[PDB]
Amino acid sequence: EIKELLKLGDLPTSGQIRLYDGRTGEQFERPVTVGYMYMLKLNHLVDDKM
Amino acid sequence: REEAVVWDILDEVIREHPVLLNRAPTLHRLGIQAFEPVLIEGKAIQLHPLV
Amino acid sequence: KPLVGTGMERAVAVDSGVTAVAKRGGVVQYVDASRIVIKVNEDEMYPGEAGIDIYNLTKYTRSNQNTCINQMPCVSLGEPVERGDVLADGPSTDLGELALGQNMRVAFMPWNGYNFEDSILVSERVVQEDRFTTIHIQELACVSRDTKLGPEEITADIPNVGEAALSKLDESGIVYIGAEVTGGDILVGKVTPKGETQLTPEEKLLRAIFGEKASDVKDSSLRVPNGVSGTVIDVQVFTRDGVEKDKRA
Amino acid sequence: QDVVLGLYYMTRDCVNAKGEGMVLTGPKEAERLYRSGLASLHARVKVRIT
Amino acid sequence: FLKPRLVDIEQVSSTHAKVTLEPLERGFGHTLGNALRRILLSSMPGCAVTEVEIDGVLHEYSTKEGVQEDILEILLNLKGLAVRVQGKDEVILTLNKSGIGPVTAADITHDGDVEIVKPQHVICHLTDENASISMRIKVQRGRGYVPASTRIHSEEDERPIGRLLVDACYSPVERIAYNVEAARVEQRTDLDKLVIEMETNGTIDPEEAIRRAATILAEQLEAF
Amino acid sequence: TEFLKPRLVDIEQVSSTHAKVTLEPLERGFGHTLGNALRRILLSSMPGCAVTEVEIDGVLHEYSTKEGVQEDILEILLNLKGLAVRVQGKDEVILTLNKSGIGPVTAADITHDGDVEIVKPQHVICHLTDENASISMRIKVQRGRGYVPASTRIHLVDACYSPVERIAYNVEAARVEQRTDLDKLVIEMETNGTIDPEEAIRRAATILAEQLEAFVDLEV
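Residue numbers (PDB author numbering), protein chains in the order written: chain A, 1194 to 1243; chain B, 403 to 453; chain C, 697 to 945; chain D, 504 to 553; chain E, 8 to 231; chain F, 6 to 160, 172 to 236.
Chain A extracted, bound-state conformation:
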């Protein structure tokens, strides 16, 4: 289902694409996984802990 929805997306089945280092501009060997991950900021925030 996910790959099928990726087809509809224009994006590869692998879920991985080519990426380039923003520093050297040269390509990274091998494909790397890029996607959208829902992320939370817990409140441990450092200006409390310090």
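Note that these hints are calculated values from the structure, not bench results.
All clues stand as given, with none of them false.
Computed far set for chain A versus chain C, every beta-carbon distance over 12 Å: (1) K1196; (2) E1197; (3) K1200; (4) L1201; (5) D1203; (6) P1205; (7) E1219.
The following label-pair restraints were derived from C-beta to C-beta distances: (8) B:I416 with E:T22: 43 to 51 Å; (9) D:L544 with E:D15: 33 to 41 Å; (10) B:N424 with C:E775: 53 to 61 Å; (11) C:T830 with E:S105: 30 to 38 Å; (12) E:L83 with B:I442: 24 to 32 Å; (13) C:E775 with E:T22: 24 to 32 Å; (14) A:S1207 with E:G106: 50 to 58 Å; (15) C:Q834 with B:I442: 24 to 32 Å; (16) F:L234 with C:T851: 56 to 64 Å; (17) C:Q834 with A:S1207: 45 to 53 Å.
Calculated cross-link-like contacts (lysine-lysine; reagent style DSS-like; alpha-carbon spacing at most 30 Å): (18) D:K521 with F:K145; (19) F:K71 with D:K549; (20) C:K735 with E:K71; (21) E:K71 with E:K145; (22) D:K531 with F:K200; (23) D:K531 with F:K25; (24) C:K864 with E:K71; (25) E:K145 with E:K95; (26) F:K145 with D:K531; (27) A:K1234 with C:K755; (28) C:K697 with E:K71; (29) E:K86 with C:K864; (30) F:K125 with D:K531; (31) C:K755 with E:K86; (32) C:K735 with E:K104; (33) D:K549 with F:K145.
Heads up, the beta-carbon is just placed ideally off N, CA and C, and yes, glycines get one too.
Dock chains B, C, D, E and F against the given chain A, drawing on the hints supplied.
Same frame as chain A, but now just chains B, C, D, E and F:
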């Protein structure tokens, strides 16, 4: 006041002066290790990976 | 909103009281950041007292964890609303769903050991977009007590402070609503009596040369805790019943 | 962890890769061969070492 | 050693465009394209709103009666207002409006150097017949990201408590993507092309951008 | 909105051929673009001359054994690559290895031409075994703007043109007064002796500057 001139003085008193770093479950003596302080902008402590 | 969901988040958003849910279906007469007024349909409407359902939204206020809790309207002027529909979003809720955080573009790959253990390496694009930014609401207090040496004053007259220090305070000694403060700023001027400092010889010489009258009053004023900085969204004054309320109060 | 994946990926050999079989004066022009995109990180090669 | 030069600069939308550099030697398409990506994304001239002073408002955390947007959201909406100037390094815009309806970016008071690139850009809405919002929107010009926090060191009587500082957004550039395709000029052994497809808010022209980019690039070579 | 420029504070150079130069203070992010661009240029494209091909007097093959020489022909080819050849206005020059005997053949045992200059008379080409040990031959160099491998001469010796034997750049934090975080960029480079590292950098980025002459204005 945190006047501009004090940061340099702090860089003076920091140089050869080590600090002790320790973690929560101290077991073996390596639980505490001495390091040379490096001034960093941030509230987080930076600790060498190999340690 | 979660990009990758479950289908429970809607239920959590609604069932938990953080959102504002329509009591009765109708059309929206008015939408303010303050309140929301809905015009009820007749079939759901009781015969007497006509009606419109008025919803007073919770605005910026202190949560238990010292985070901010603020409701935002999810509806616009003159919109159809079904009975049991979300009228306003609570904190961390989007359009009637539960958003506890933010989804983002992520790449799995070692980057120069900056991700070393669990460590996270985040672009400047994120801190600039201010998305992961958080609003904290703290409640600070100043207590005027009774000491055997005398009562404590909330007065704006504070021994040893510059005009810059007494600037952010009104005549009565309390900080203006809306003034942005940082560490060291005086929120509330407070002074308590301690008389007869009982100084020493060299200090007495110093006073003799500089002709300063050492006050019988000590500075107890409540100041912003070191390092924390923000803006003042409210102030309250509780007074013992029968004591004269000062100017500010 | 990351470091050892680095050194492991570094010295390893695939069957066929850019610069397979050729020969180099020393580690210097080996690295120079690699960074210029001419030779692959892992390829069976004879090089002179001291 | 043939030095390159640009070629057709193709505007697609008011937002973005694809520029191009024809005469490129061996491997230099990357050597240029990536450096130019770097300097393009990072260091560029831009004009964004800084200080906003609204009608009855002490701080960004309150609500103004008659508008369904919280002051915080309105300031956030202002941070995304794209403008451009000519002969001024700071200009103070004047926004006024009332009556029921959306308050867009075109409702401001036009000035000599003012150019509103997105007149439909939303500031905030207006929910009641008689309610009126006036604001002095102070827009200056600068580089990089200056957050409202680091702004106060200088201080020096910022006393107008009605003045709300916002974080500096200064930058034309959104996204920069370079591609190197082999380009055959009618006669030469092998050469490549640099297609630099950039993305902007329309407040900077492509040739201007790429030019000052290359400029700073060379300006760092000043060592020798 | 005015911009920050450095000038090199320290050049710390080991011996002659090797150099490690520090450059600072930079703008944030500029250390990596400078370093990477200059590195790609220095490495992949530089003017220089080396050995494209050498005829074997003894045999026709890279796989063989010479009389008086334990070195396999490919090993000798290796040594040939490492020979430092800086040629004058003569575009192409060919030398001869003439020498024979019981002693190892150096780079000073090659013939001397007019426009030819070898940087290392010490350079070891091949050892000679006992007695006569017939050896001598002719070496053909070439010119290149980049680095051209051996197989790349499609229609055999790897041609190493670019004087750079290595390039690295360390970008570490730089501190200036009230300026929080800056870039301290350290370029370290080795050469084959033809051109010294210090000017090698200069010409390398002169290439870049030339690539950029079609664009900028102002500061000049």
